[PDB]
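Q: Here is what each chain is made of, one letter per residue.
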Amino acid sequence: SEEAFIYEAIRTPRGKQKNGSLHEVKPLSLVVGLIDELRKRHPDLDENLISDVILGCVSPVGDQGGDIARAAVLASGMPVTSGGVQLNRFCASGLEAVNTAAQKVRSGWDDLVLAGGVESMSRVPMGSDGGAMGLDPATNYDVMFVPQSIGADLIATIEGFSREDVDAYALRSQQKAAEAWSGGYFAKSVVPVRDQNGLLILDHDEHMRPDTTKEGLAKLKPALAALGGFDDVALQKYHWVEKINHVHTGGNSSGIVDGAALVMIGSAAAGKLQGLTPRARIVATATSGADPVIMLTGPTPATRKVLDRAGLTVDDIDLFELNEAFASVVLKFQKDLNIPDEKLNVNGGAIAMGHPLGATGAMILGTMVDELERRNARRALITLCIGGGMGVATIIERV
Amino acid sequence: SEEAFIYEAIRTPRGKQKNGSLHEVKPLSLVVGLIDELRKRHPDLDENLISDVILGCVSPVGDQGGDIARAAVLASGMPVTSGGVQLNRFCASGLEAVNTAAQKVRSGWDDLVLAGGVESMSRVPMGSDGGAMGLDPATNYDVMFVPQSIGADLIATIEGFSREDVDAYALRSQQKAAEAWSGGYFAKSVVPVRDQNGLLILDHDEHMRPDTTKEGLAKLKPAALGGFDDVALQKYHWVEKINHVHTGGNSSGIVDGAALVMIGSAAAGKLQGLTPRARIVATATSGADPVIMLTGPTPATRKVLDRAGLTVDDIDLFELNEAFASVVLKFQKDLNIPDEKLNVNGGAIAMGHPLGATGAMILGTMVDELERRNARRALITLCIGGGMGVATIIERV
Amino acid sequence: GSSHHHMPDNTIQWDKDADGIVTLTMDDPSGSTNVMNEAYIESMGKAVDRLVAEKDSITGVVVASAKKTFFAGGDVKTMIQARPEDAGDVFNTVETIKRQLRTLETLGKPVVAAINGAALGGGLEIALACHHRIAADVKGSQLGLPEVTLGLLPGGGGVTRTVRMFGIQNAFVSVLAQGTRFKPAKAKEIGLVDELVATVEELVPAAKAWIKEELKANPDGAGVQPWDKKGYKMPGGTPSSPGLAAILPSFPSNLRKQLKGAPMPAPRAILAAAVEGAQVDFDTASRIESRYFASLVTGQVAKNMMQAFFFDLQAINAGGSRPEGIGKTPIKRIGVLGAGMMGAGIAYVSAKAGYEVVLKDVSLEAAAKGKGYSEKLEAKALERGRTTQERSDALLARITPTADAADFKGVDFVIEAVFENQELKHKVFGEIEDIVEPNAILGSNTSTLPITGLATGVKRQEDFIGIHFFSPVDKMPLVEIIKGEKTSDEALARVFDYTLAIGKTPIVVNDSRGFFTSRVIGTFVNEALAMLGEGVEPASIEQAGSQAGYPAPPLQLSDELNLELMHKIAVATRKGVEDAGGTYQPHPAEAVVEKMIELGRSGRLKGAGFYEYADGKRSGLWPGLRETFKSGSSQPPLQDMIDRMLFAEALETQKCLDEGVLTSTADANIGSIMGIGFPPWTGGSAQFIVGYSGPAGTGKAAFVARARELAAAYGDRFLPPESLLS
Ligand SMILES: O=C(O)c1cc(S(=O)(=O)O)ccc1F
Ligand SMILES: O=C(O)c1cc(S(=O)(=O)O)ccc1F
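Protein chains in written order, with the numbering used here: chain A, 1 to 399; chain B, 1 to 397; chain C, 1 to 726.
Careful, some of the hints might be misleading.
[Claimed, not checked] Calculated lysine-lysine pairs in the DSBU-like style (CA-CA distance at most 30 Å, straight line): (1) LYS237/A - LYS40/B; (2) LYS241/B - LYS595/C; (3) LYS257/C - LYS235/B; (4) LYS40/A - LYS235/B; (5) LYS235/B - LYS216/C; (6) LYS208/C - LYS186/C; (7) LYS229/C - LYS18/A; (8) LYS371/C - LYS241/B; (9) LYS303/B - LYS272/A; (10) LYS655/C - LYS630/C; (11) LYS229/C - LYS16/A.
Think of the hints as simulated: they come from the structure by calculation, not from any bench.
So that you can see chain A by itself, here it is in the shape it has in the complex:
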């Protein structure tokens, strides 16, 4: 019923995994840093009208355990009534928190909510939480568990995407992310990380390789995997396929990074009361997925369901933003819906700038809010694939 509006969307720069600038920064500090930037931009905002803070975090362990959302509320000195809940829907946790915040507003029982994610994979690696599947061979044996990398190799094998095809996409992502950083597209969204003294720690996505070349990508060696068994397991399910063409390397897959993002979502009455200017509007969200062994073809039905739910078609969308977990996933999504190539990941993606699991959904969402405003266009569609065979998609309209 109630319409949900995005009033602010900011993100930290994404720090690399090996010798990264953010490895010394506690995950709680990345989120509190963004809260202190929202305070700086709206000093007179009555923080008591913030009814919840929803953070996505795929590995809620160690520095990221104990409800890090609540920790950020108390650490930043936000009102003790401002809640704080962590969620985990694997790679789409950041976008799921944004959608949940939007649905909480649409229900009317919530006025103004902070949403986003946080992930410091240099401090809390993926799999640190273990998992009800790994520590249980009976379930692992029956669900035929296959890590994300092999589903991507399998997708490229089935659809006929070659090693040069995925490296062609890896090159164009590094290029567009370089163009966007040069043009200043990220100037007001990427909030530099500073220490307790105010000294600079990171001001740019340091995983990028702007000097990437077709020749340099072709020399990389292909990628839970590197152990045994998962290839044969995947082909036991997809028994018509004979051999898996391993095309994905470190250069055409999403990088391991640290980062956090924040999106402020509220109702029109909330923004009007607090003098906030709307930037976009959550038109519709949707959830769907496909087989867990192929794992990553879930954003195709989730996109059709959110398009069907919004009453639109692909031709009505000005910008498509799909997370670059693997190059073959995007080429499949592009091949399926016949996405015009110049509407797809127009400012780069996770291959160039990184994929901070819990925070990625809210980062690429804020990427589109700024790009619709810059281009003066109406609609964008943000979607992420998920481990286990899920998918999430959202359509926003510039206000």
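Given the coordinates of chain A, assemble chains B and C with the ligands onto it according to the supplied hints.
A: Coordinates of chains B and C with the ligands only, in the frame set by chain A:
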């Protein structure tokens, strides 16, 4: 404005901590057992129409890590489109999942949602996940971190609740839970846990001590790491000394358990031959100081009443989680709740407090008691760590 | 770029021998001690650049010192001037310092520290970067990391390395949180030093003998610290280890309990830097330590504490308040009159320094009880191993209990400690002034009575002087020296030197009623009692005192000062100006004191005060207190209660400076910290003004603006004097 309805609300027995019957049962198996029961009750249900599965879990590590809701969707053989997300809002994670399921239905973008929670505190003890507010001395030192036990004792000190007062409520809970079990109130809601051979593992709440006497409660001995007492009084500086009245007999039990709730729109219920049992009238979220921690349910209950346009007199049944005896007494004292409307079937002191599931368990407990008493309204609320609070009102259909 | 450098005279001498063992002898020609200053950083940069350049011809390194000390301290003169905008320079300095030590630590060859003397702060940090530490067991030698006492932290790798050596818990509690200084034997027993020798001449030989043996026996592990080996296991576990993660949340609360909630951010930062550093690699850990170090240096509390415990303390010890030109006069025999807590404690600290003491009282039974205070003190010291049986026997043998004025023959230094009464003191001095030596110092231990009055009871008034001690004398570090208007400058210097000889700190105060310490602690007590009469909760008053940083809460302190004595002071201070023609404005606390006396609750000595006293111990506040004073009827902010007690003392101190009672802010700061327990984070009741910080701002102006905000709400006694106005 689609309305959210409860069609099914079931739970497992609560297995005790020491030598518990559920210690050999993985938390994933507790949820799949409840899912398989929903199939037995409605085999005609089109599980494709289930949009999401939202499970609350406070310690999502080890056997409970890796998005246990998604693990349940795959292990149970549910459609892969049925989602799966784990959330954590401490003790309210079970009820937040229910409330979020209702808010997902009211928004009109999810049609039929499974909500609940799972917590195997015997296998994954609380604090196993770490956390910043405890394992980071910069924020711990600033937010004045205090365990929930001491906040409960500080409440009893400020309100003047004696050791006999709290122990009296503990006896009340033990007697009311024993009556509800003997009276058959929990017959159709407590799904017995069985192994892969169909052999019985547990069919009742082990933690109950139905032969409790006030003499045995007075024998018990009353956080032992030191320091926290002086930290609490540094903030509550008008109190000279904290009277430690809470023991193992007047505090919530440490148990294993899981709960499931089926929530959907009236259209989704009509389409699947489902009779609605109750309606989610309103939800709310507020909080109070995190050093006392457990005083957040009072403003959250006051909020959910104003939102639904109701008052205390409009509520037939009040269900507050019995984390500590003084928390319920302070709550009962403030809102002047009648004694016969409060936790009428016992609570966590007798049956246990399986963190991630308690909110969904006491939610299911009330849905049954409204249909049994032929009453109209019930208010459910829980205290939370870090000073939060969630509340929910349900109306019988 | 990433360098070992940040003009100065070189401070390190280089010597390579035939074997290839380079000996770095630190010898700063600009002072008697090696100090971590610009000259050191530049020189250690040159030396480490040379060790790397000549790596092929160097088999080991020996770090030594040419001073009486090894290395002690850093550039406090620079650290105190660092503003918040200077955080980049401060961060880059410690990063440059640690980059030098880390290169020395990872040269691929063994480095040994020859510790010939004191290795404090940066000195121990240099040695902690070495693979082997050999300390000479000489007198006066100490080792430790006392940066926390100046409001800083060991930022040259001290926090990172001691945590890697001993674990988070042991390093914080034993070394870091308190800046404890160890004698070389204690240092070897807890692991800070590896081995000991008896003379400094054996050090460099032993260091080269260890380097030669290490290369022969353990070639692959030579020059490799324990935390640079595969499979390094941090003692006590890492924060992710489940054993440590169970008790780790209790560390900030235990620290918060010991500090009583007072604003001390240096221990809070050390604990954070220790735990945060144990979660990552060594290099990432030390950079975190640098950020917390820069956070402390640019803060105010560090500047408050650097001013007091470094500059003011050195100004006092150098004789800033000692009369100019006067030479030294020996003390052969000390005569103490009275064997109470004061006289007994005085006799102990005097005999502990080595002075022969004659302890007189009215009876031999009493004087023997006075010496028993020393015997029971030496008993605790023996069972805890802090002294030998030999020196303990000699100490007690210097205390001669007596009851005759004839045994004061040969006493050239008299310290009277009898009851507070003028005509009693006139009589006690009258019958000993002729027995003592003709140049004897005639000192009175009085808290309030003016010295000029007591001096007229003797003939040689120029040698009469006030020597004010504080109980317990064996542990209180200040001596308040009061100068009557007939007191000579020689007597002043003689008492001043004695104060340093017994290991205490002197302040010179001009004669006046209340002197400085009694007058100021009176305003602290009176503010608390006024709050009690206003209807404030007694528990909230004590909480304010402890959280303000005071060592003992004010109501508890009142029970020990005896409210009967407290009332007599106010009666004696009204007729001191009302009989003089002026006016006396009564304090609201006087009504509270008179009512407590009316109910027979005069204090702890009586058995009942604001607290209940059962079986010698103090057992909770008197329950009738809330009903008597309508407690709870006034609930001001805790910060107002804290500021009322801090400002009342800070303003009475400024009054003393304007009246010539004190002659230096160094005496005001140290006198308030060590005399009456003003919170160390303030740097003293005078530093508190120039470094106030609150919602208003920082500095003298913020203090005045806040003092006026208190005057509006609680009375004009908080109105700032003209001297602080600008
Ligand atoms: O007298 C000193 O210079 C001094 C030095 C330190 S240090 O820890 O910086 O070495 C601490 C206290 C001190 F009083
Ligand atoms: O018991 C007594 O009368 C008594 C009285 C005081 S007084 O300080 O009130 O004069 C001091 C000690 C006492 F034992």
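Q: Going straight from one Cα to the other, do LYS229/C and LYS18/A come out at no more than 30 Å?
A: 20 Å, holds
Q: Given the hint that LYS303/B pairs with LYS272/A, does the C-alpha gap stay at or below 30 Å?
A: 22 Å, holds
Q: Verify the proposed pairing of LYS257/C with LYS235/B, using a straight-line Cα cut of 30 Å.
A: The hint holds at about 12 Å.
Q: Are the Cα atoms of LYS229/C and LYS16/A separated by 30 Å or less?
A: 26 Å, holds
Q: Holds or violated: are the alpha carbons of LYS655/C and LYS630/C at most 30 Å from each other?
A: 33 Å, violated
Q: Given the hint that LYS208/C pairs with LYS186/C, test it: the Cα-Cα distance must not exceed 30 Å.
A: At roughly 24 Å apart (the allowed maximum being 30 Å), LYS186/C and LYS208/C satisfy the hint.
Q: Sort out whether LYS40/B lies within 30 Å of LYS237/A, counting only the CA atoms.
A: 29 Å, holds
Q: Holds or violated: are the alpha carbons of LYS235/B and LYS216/C at most 30 Å from each other?
A: Violated, because 61 Å separates the two Cα atoms, which is more than 30 Å.
Q: Take a quick look at whether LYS241/B and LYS595/C sit within 30 Å of each other, Cα to Cα.
A: OK: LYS241/B and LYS595/C at ~26 Å, within 30 Å.
Q: Keeping to a limit of 30 Å between CA atoms, is the pair of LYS40/A and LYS235/B held or broken?
A: 29 Å, holds
Q: Decide if the proposed pair is consistent with the structure: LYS371/C and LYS241/B, CA atoms, cutoff 30 Å inclusive.
A: Not satisfied, since the Cα-Cα distance of roughly 40 Å exceeds 30 Å.
In terms of the numbered hints stated before, the structure departs from hints 5, 8, 10, listed from lowest to highest.
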